[PDB]
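Asks: Here is how the chains run, residue by residue.
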Amino acid sequence: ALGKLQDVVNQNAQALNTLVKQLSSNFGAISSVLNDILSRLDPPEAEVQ
Amino acid sequence: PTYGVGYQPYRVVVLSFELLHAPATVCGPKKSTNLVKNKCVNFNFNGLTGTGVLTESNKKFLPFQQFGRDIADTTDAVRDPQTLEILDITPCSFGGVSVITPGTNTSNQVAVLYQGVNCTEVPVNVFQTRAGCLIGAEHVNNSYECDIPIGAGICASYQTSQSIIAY
Amino acid sequence: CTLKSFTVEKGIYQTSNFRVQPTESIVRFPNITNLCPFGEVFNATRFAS
Amino acid sequence: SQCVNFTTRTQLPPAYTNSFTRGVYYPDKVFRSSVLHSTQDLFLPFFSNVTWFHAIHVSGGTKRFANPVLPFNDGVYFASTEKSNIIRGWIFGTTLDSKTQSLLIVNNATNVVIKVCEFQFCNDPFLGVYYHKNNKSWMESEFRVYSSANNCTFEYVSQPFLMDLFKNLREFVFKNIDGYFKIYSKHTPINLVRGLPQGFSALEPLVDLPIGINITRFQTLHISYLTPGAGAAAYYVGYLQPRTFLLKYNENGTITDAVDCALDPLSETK
Ligand SMILES: *[C@@H]1O[C@H](CO)[C@@H](O)[C@H](O)[C@H]1NC(C)=O
Ligand SMILES: *[C@@H]1O[C@H](CO)[C@@H](O)[C@H](O)[C@H]1NC(C)=O
Ligand SMILES: *[C@@H]1O[C@H](CO)[C@@H](O)[C@H](O)[C@H]1NC(C)=O
Ligand SMILES: *[C@@H]1O[C@H](CO)[C@@H](O)[C@H](O)[C@H]1NC(C)=O
Ligand SMILES: *[C@@H]1O[C@H](CO)[C@@H](O)[C@H](O)[C@H]1NC(C)=O
Ligand SMILES: *[C@@H]1O[C@H](CO)[C@@H](O)[C@H](O)[C@H]1NC(C)=O
Ligand SMILES: *[C@@H]1O[C@H](CO)[C@@H](O)[C@H](O)[C@H]1NC(C)=O
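Residue numbers (the authors' numbering), protein chains in the order written: chain A, 941 to 989; chain B, 496 to 619, 638 to 673, 686 to 692; chain C, 298 to 346; chain D, 13 to 72, 75 to 179, 186 to 249, 257 to 297.
Bound conformation, chain A alone:
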C-alpha cells in the first residue's frame, strides 16, 4: 500500500547512487581517479584528461 511513498524514496536514492557511481567512470581519461592522474602524470599531461 505504501508503495507510492516507498517508490519516491527509492527513486531519490537511486539517483544519488547513480550520481555517486558516475565518479567511477573514466569518460575516456586514463583513469577515473583524479589523484592517480595528478601523481602519475605532469600537469601538462594531466590537464588533457
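These aren't lab readings, by the way, just hints derived from the structure by calculation. Think of the CB as a built atom: it goes at the ideal place given N, C-alpha and C, for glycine as much as any other residue. One or more of the hints may lead you astray.
What the simulated footprint calls covered on chain B by chain D, stretch by stretch (three residues with Cβ under 8 Å from a Cβ of chain D suffice, anywhere in the stretch; the number is not a length) [stated by the list, open to error]: (1) 511-524; (2) 561-569; (3) 657-665.
Just a sample of chain B residues kept apart from chain C, beta carbon distances all over 10 Å, derived [to be verified]: (4) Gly501; (5) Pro558; (6) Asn638; (7) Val639; (8) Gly649; (9) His652; (10) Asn654.
Go by the hints and put chains B, C and D with the ligands onto chain A.
Replies: Chains B, C and D with the ligands in isolation, oriented as in the chain A frame:
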C-alpha cells in the same frame, strides 16, 4: 699487507637493478609514519591514497581482505599493513555554511550555521542542533513562531542588547 | 557578495562550503615481506676473483 | 633427478559431470558486508560440463596409468575428492620442455615448492612413498618429475610441515592474467562417496605469483604408495569463461550465494 694502497686488495660490490616489463619483486624500505586516529588526515595504505578520519573499527575483516568498500565503492575500511588491525575511514567533516542574518537595515549582527557538522570540527555562543552547529545564536527555551527557519524544527529570530536567538 | 547586493534581507543565505582539510599525512606500508640478503654478499668472509 | 621409465603406459578414459554451482572465488581482496555486487570475471559457469577422471596411487600390477595433458585456456578449476592427499602437484606450460619456461607447483611431505624453470619433464612423473614399518609411518623416498631444470626464473619454498600420509574435497582455481598466476583454494569435509558434490562454497585466495609466463597446457601429479605386494582419488576439471556474476556478501563478508547472469532468463532478471 705492506704494499701501497694502489697494490692493496679492494673488495668491490656492484648493485645492478634489472627493471623489466614484468611485475616487480624488490622494493626499497617502505617509509611508514606513525598511525594517527580520530583526526582528518591524508592517509596512504599500500598505495591506496585518500583523505579521511581513521578510527578503531569493530568490523570482522577476513584474513585475506585488505580493504572495505560500500555501495559507493569508496574505501570505507582499511587494514594497517604493519599491525593487522582494521580501521574505519570516515569522510573529513564538511558541509554548507549559511548565515542567519536579520535584515541589514535592522542589524549587522549575524549567526553562522555549519550544516550537518558536529560542534567539534569548527575552529571556534555555540549551539548543536540536528541541522548543524549554529554559532552566534543564543539558545532560548521559550518557543515563538518561526522567523528564519534553520531546520530540524529550529528557527532563529532577532529579538531582545538585542541578539539572534534560536529556538 | 553572494547576493550581489549591499542590502541583505532577513533570512538564511547559503554562502560557502566549510571543509576540514587534513592537518597531516600518514603513510602505512608493509614493513617486512622478506629481507634481501645484502649481508651475505658484503659480509662474506671470502670474495671471488 | 633421473626419470623412471615404464614400459607400459595407459590412461583411463575421461567422464563428464554437471558442475552444479561451484567454482566461485573472491574476485578481489575487498571486504563487502550484507550487499550484492556484480562482477565480470573469469568464473566457472554454473552447470558446465566438467571432465573428471581417477588417479591411481597403487599398483596391484605392472601397468603405469598416467594422467592426461589438458589445455589451460584462460584458467582452470580443479577439484580433487580423496581420503589421503593423493594429488600433490601440477605442471604448467606450453611445450612442457626445456625449450620454453615451465612452472611446477608441488606440495611434498615437507613443504610447498613452486619453481618456474626451463624444466624437461619426465614422460611419467613419479612420486613414491614407502611405509616405514619400524616407524609405522609412510615416508616419501622417490621424486622423479623432471630430467633437467635450467635457467630458473622463479623459486618459492613454503615453511616445512608434515603432511598426513569421510572424504576431503579440495577445490583449486588457477588463473593466469596480466603475467600473474593466481591460485585460490578451498578445503571441505565431504561425506559423498562418488561424484562432484552439489553445493556452494567460496574459495579464499591462496597465493598470487608474478611468474609472467605463457601457459596453455597442464597436467596433474599423483602420489604412489610402494608396497611389498582400490579407493583411488578422483579429480574434476572445468574451464573458466568470462562471465558476469552477482555475488551476495553476508554480514561477515562471506560470499553466501552467487547467481550466474547468463545461465537463464531468471538469473538475467536477478
Ligand atoms: C614488521 O611488522 C610486524 C608487525 O607486528 C612486526 O611483528 C615485525 O617485528 C616488524 N619487523 C620489522 C623489521 O620492523
Ligand atoms: C527598515 O525596516 C523598517 C521596517 O522593518 C522600515 O520602516 C524602514 O523604512 C527600513 N529602512 C530602510 C532604510 O529601508
Ligand atoms: C559530537 O561529538 C561528541 C563527542 O565526539 C558526541 O558526544 C556528540 O554526540 C556528537 N554530536 C552529535 C550530534 O552526534
Ligand atoms: C532550558 O530548560 C532545560 C530544562 O527544562 C534546562 O536544562 C536548560 O538549562 C534551560 N536552558 C536555559 C538557557 O535556561
Ligand atoms: C656485517 O657484520 C657486522 C658485524 O658482524 C655488522 O656490524 C655490519 O652491519 C654488517 N654489514 C652488513 C652490510 O650487514
Ligand atoms: C557433456 O558432454 C557430453 C558429451 O560431450 C554430452 O553427452 C552431455 O550431454 C553434456 N552435458 C550436458 C549437461 O549437456
Ligand atoms: C559472524 O562471525 C562472528 C564471529 O564470532 C559470529 O559470532 C557470528 O555469528 C557470525 N555471523 C553469522 C550471521 O553467522
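Asks: Confirm or reject each hint.
Replies: Consistency of the hints with the structure:
1. 511-524: Three-residue rule met by the segment 511-524 of chain B, so holds; n is 4.
2. 561-569: holds (count 6)
3. 657-665: Not satisfied, violated; 0 residues make the cut.
4. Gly501: About 19 Å separates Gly501/B from the closest Cβ of chain C, which puts it past 10 Å; holds.
5. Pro558: holds (15 Å)
6. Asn638: Its Cβ never comes within 10 Å of chain C, the nearest being 17 Å, so this holds.
7. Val639: holds (14 Å)
8. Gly649: holds (12 Å)
9. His652: holds (17 Å)
10. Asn654: At roughly 22 Å from the nearest Cβ of chain C, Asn654/B sits farther out than 10 Å, so the non-interface label holds.
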